[PDB]
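Note that this complex is displayed minus one protein chain, with the remaining chains in position.
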Amino acid sequence: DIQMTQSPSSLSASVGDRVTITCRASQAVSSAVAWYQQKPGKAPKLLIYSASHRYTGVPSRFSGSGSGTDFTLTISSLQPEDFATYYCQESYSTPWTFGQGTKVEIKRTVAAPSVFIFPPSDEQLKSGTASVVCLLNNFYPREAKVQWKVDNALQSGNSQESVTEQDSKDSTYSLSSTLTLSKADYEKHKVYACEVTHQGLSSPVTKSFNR
Amino acid sequence: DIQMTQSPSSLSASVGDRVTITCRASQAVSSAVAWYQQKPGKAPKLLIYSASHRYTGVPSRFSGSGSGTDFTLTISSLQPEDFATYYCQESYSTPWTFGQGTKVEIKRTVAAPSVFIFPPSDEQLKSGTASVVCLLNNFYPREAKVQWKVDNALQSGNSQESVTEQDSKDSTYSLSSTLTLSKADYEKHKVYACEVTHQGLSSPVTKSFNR
Amino acid sequence: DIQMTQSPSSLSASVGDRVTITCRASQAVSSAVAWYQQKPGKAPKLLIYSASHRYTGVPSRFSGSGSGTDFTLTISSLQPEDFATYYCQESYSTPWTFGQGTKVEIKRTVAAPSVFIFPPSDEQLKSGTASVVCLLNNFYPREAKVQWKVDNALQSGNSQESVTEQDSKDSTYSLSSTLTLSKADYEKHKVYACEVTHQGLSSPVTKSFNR
Amino acid sequence: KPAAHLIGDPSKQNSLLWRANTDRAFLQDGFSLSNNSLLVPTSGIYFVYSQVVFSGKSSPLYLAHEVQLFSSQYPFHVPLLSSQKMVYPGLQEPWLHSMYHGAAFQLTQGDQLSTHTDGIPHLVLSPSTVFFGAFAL
Amino acid sequence: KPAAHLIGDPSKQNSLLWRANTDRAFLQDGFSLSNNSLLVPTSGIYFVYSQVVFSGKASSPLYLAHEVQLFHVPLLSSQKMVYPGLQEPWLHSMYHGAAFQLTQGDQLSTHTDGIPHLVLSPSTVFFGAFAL
Partner (left out) sequence: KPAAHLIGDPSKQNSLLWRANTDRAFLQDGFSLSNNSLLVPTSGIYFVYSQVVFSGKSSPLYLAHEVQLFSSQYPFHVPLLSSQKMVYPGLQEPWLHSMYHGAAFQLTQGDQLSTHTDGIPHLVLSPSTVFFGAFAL
């Protein structure tokens, strides 16, 4: 088909900033390119068709340029209701493939995460399964790494993570991670640790407990 | 040529009624059909061209529909001023044949006529002929019967009627009957009478004079 | 190429007058003719394109006619600010050759000049040359005569004149005669006169200064 | 914007009578036929076009097809678009000639566009092979 | 106002694939291709045109055709029938165009017979439409 390669995948910006999003196509594609805005839990919204034409009621801080292969969306002075995901889309051929989207998020200062570790409840252990949770709280930027060690042996494929959206006050993130393993394997071992790497952390933080 | 068969020849509807008129064409005709409105002794007015398009300054109660062969004028809410013959016309070929028209009458509550009688003028009796005139005023419906008795002896072939068109406000009619006869025969008799029959009169009204 | 022969070369009319200017094209030329208006020291203004179409902003009194080979710019009510040189231009071929222009002067009731005499500056006299300036201010018609008298001995070939273009409000001219001579010849004489002859003066005005 | 696309009536075979009342043919925004002519609805520029197709098989066979404008003066008919061909005798195989053209013409309201054809018996009457059309610029 | 001018891909020579992404070819104001058919962007009246050119150099007759369909109903049609004993090379060109009422999402496509014999360049083989 035709591929639409948006870049960057995300970018952090502040209000009144000029924001430039690029969309590169696998073919030449006339000017048959559109741009959409999407906020979570809502449908997309047409901003731009025909590469540069602005759809009706779309504010003039939005613009599109480009021809052939390199297309750009540009917000001139960002506004507090402009923090969304922007999709480009080829309108030349069928199906009408969309790019993978660029997320415009809020810039703020670096914020080290605050780490907490939680052992399994006792009543959960009656179920035969053991969930260990590591909480990374109120950090920025989003890039954080969590390592699970069980008696200094590090684990691979038994953890799941989940991150929140920027908080509505300090614009920070929070990460939960859940090591999950049988009551069997859980009893074999004593020390359970959760090692965090972040940009605000000058050395890695390890939180841990004994059972 | 092409023939435009309109139907019905004539209809009667109350104010605020939806009125619907059909026109069937001899051929297929694309959508090349126009509709005109003609009040007595006036030139036609263009209402609809191209089957469905309303000419400028034609009020929105007039609409046109249809395609190919069966076309339809529609008045959504009939107004007391909409009494007229309506013509369809084919705009496809030449000559541009009109249909035979549809007389739209307005239906009203019943209204007894006011009867007035007029003797012959003295200056007309010099001429050797005597016109007697009966006026029936502001009635509905149009169907009225005028009898001329001269000394209780009713007349036959010597009167003529003429009726006005529906009033544009009260939607009524008026009738003039003219009994015409020689000065000689006018002076053989004394009592000249006018006997009006109408739906609005439970009992026939006669109006008369002596000479 | 195509030659454009504009006529007359110039003309004089009073305010209110209907002024007609002709342009004849060497070939047939459709309606592909334009008309421009140029005031001295400024760029032409588009007046009329496509022979008869008035460029936007251009007042109604300006109109263009003609087709094929004879073309006409017409000013119906000539205005005091309508003085300029009007050009026609063939727009059909390349290059887009212009007519030679027509100069329009505005006619006015006669106005006498206001004379002013300026002596040489003290700092110019250190330079070894004396410049004496006479000023004729706000007069009509253009034709004036400036005599330079030095101790009543009138001067020949040592003075230079310049006239402004007609005012766009009052339609009057202004003259500036500059008598120039070495400091060596300026030190020899005492009385420096400027004598003005005009149509609004009933007898020549002399303006002088003692050295 | 006024437009019209006309088609031959296949029910004639010895005449090319234009029509506009089927699938694939139409009058729109004011066009109209008058005795096999198409009637210009308002003055303005119009792209006018027409296609024909002949086929078949003593003397040479003259094919021709022209889009005309009716006029009041001599001629009575000025050609806007013209094509000829001339198919000859000894042709051991069946033949097929096709004529297409169109151009822009300044016309006025009530002008009459007609077409004249030579070799009408040889016409190929179908919606996609014989047509006459015009549209306002 | 919508318009497209499409052009053949000469990297095929045994299929006539249309494209609007080069110099001289384009989509404007709503047109789009979908599987080698031009999609009509809105309902209205369009002028649709196509040209092809076949050529050869000379057992059985050779049937040439080119058609603009409405994806099947022909809008524009032409044939020619080149036969055996031709002592010189040949070349047939076919052009046509006309106004058609189309609706949104209608699919303009083209069928061709004698594809190997096509002359593919921008100026010889094309297919396009514009809204009136």
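Order of writing sets the labels: A, B, C, D and E. Residues in every chain begin at 1.
Simple rule for what comes next: a contact is a pair of C-beta atoms (placed from the backbone, for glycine too) under 8 Å apart; a residue touches a chain by one contact, two chains touch by 3 or more.
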item: Contact with the hidden chain (one of E:18, E:26 or E:100); value: E:26
item: Interface with the undisplayed chain - residues on chain C; value: 27-30, 32, 50, 91-94, 96
item: Interface residues of chain E (partner: the chain not displayed); value: 1, 3-5, 23-24, 26, 28, 47, 49, 51, 53, 88-89, 91, 93, 95, 97, 121-124, 126, 128, 130
item: Touch residues of chain D, complete complex, unshown partner; value: 45, 47, 60, 66, 79-86, 88, 99-106, 137
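What we mean here is this: only the chains that are shown with their structure count from here on.
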item: D-E or B-D, whichever has more C-beta pairs in contact; value: D-E
item: Interchain centroid distance [CA atoms averaged], chain A/chain E, Å; value: 48
item: Two or more partner chains touched - positions in chain E; value: none
item: Residues of chain B whose C-beta touches two or more other chains; value: none
